[PDB]
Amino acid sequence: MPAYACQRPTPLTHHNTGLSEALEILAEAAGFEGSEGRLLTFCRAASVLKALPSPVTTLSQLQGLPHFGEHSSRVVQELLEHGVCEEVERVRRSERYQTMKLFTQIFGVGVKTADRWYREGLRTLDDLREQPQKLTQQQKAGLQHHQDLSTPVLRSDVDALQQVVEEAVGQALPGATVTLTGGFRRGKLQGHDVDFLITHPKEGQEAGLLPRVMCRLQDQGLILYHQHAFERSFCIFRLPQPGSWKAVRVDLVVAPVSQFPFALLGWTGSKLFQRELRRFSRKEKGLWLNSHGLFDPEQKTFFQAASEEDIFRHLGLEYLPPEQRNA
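Give just the one chain, in the form solved in complex with the DNA, as a structure.
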């Protein structure tokens, strides 16, 4: 078992679902307390279990796995012995956990805002709706649309939506393309939102595209919310339903074709996979990775990539298709 998640395949479905879920509750709780280091360790330990070829049945099977020390091992031990880990259950039922989860799920609310609201004594969505002058415009939209946004987006909804985005994109810039990224590209049958990456095969033609796309989608009556030069838009969109519609979150991002493989890689995720890939790049290869490129700070040069395959090759990693990046 290699130490970095980007060095091993992680499928979407696996053989240690209950154990990984438990560790991820502790990760999430660590994040609510601003403990990013402990969040990372618990996430990494969970991901290791996702990468195993069979179920963990005995404590000795953790021997030598990376990211399993005293704490993560005791969590697995208790689950294996009793079907339950008392620490995890105590977190699950804490008012702090439940409220921080509720608040941070709102579009426009992060951990820092949720925490402040918590310290002010706020506990429920109706507590937030009573004092709406305290909310940003983004938070107001998040709160109004919270119920629809809490419902998973189905993969079967996505093609119709991609077609409406493609129509708007084609008018904004003929020849521009739309690629489905995120968890759906990794094989997920549901997600909390849809992610589209937009480019054009002629370098430079994509400059100024996103505002033109957004104005057209808004003219079609499809945009319930958006922030508005820019290149990422975090939208709420009107998705058709039988006799009606529902609000869904859609992310749109533009990249020049030169950057497209880096953007595709980044936006395809998973989040842990990307953090691990960027950590690997910098710490093991001395190269700086982001969704725009890969930089050699000694040479002061950017690596040209025509494909995700190029990027794994420039990092000395075995290629993983999107379906094996579910770290």
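Rigid core: the largest C-alpha set superposing within 1.5 Å between the two forms. Residue numbers count along the first chain shown, from 1. What changes on going to the form deposited without the DNA:
- Of the residues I106, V250, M214, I198, exactly one exceeds or equals a 2 Å C-alpha shift between the two forms once the rigid core is aligned, and that residue is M214.
- With the core superposed, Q171 shows a C-alpha displacement of at least 2 Å between the two forms.
- Relative to the superposed rigid core, the position of the CA of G34 differs between the two forms by less than 2 Å.
- Once both forms are fitted on their rigid core, the CA atom of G69 lies less than 2 Å apart between the two forms.
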Given for the second form:
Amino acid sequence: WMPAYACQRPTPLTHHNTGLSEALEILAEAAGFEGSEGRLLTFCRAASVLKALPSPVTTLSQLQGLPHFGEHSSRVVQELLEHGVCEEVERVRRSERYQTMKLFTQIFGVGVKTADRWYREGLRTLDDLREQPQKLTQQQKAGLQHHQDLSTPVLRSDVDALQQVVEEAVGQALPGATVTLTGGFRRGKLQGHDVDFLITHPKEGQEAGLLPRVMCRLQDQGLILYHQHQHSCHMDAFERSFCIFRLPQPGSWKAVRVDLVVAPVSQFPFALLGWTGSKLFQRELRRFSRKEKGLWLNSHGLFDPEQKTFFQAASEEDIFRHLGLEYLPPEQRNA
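Right, the form solved in complex with the DNA is done; let's see the coordinates for the form deposited without the DNA.
If you are looking for partners or other molecules, they are not here, because only the chain is given.
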């Protein structure tokens, strides 16, 4: 028996159903490209269930009794088991609409709304974008300049090298300040497409003005190709810098997307939880909090809108406990 909420079950990094989950996730991604959030969620939930299964699915009988497996998701798995290929998935892969939306949404600073607008305006290629630079934000221009590197998977060793320079800069600016790797790499991934670091200090307030000092140090060492600093107002209400680092390599260098976020230590457990992902895990964890416990969970806190009260967490463990969930370490949140 398989819990319906992704936050109520462990989902390891590696699993037995990658071909089936990948296919369902193509249909999910395509649905989101068309603005069908409902269909996206449905396909993502089906895929996530397969990632939690402790055995490979070899016959359609194994879908029986699983949550989130309606007719459409089931037919997709059936066709892959029976024919090795799913016609609908193959049509999506070959579609100009899907290929273009994937191309554009992968660029730094481009989301679905923008990509869809560009598609409707007749843009198809990266050179089409470069030919219309009046249409681009500074982030997008930087994303296009570095797109080859930025589409190259980031390795765990790259992440290690990056974490060292960030830690050096932080340590030199403010002794006692800490840097914590979050995102998929904290969940144990060996490759990824960007790198996220969360920065805090044990004495609330000592972190004020730290981020610009860190970026100054890194910029002076030649490690920064692009930097956009943003003051506080899902991590958008924290002070943050959107960066492209120039990562040295032997006789060469590679551009790498890195976000740095500063959180006051009181909000650190919530920021860490939020930014550790996976995207589906956190979506479901927030849904659970709201639907089951009537609490609003976000990257800054856990709030009862009716009592106007906040929960003081010291750790991620505290948050799970308060919600009545068994704790899952980051490597089991790969939903």
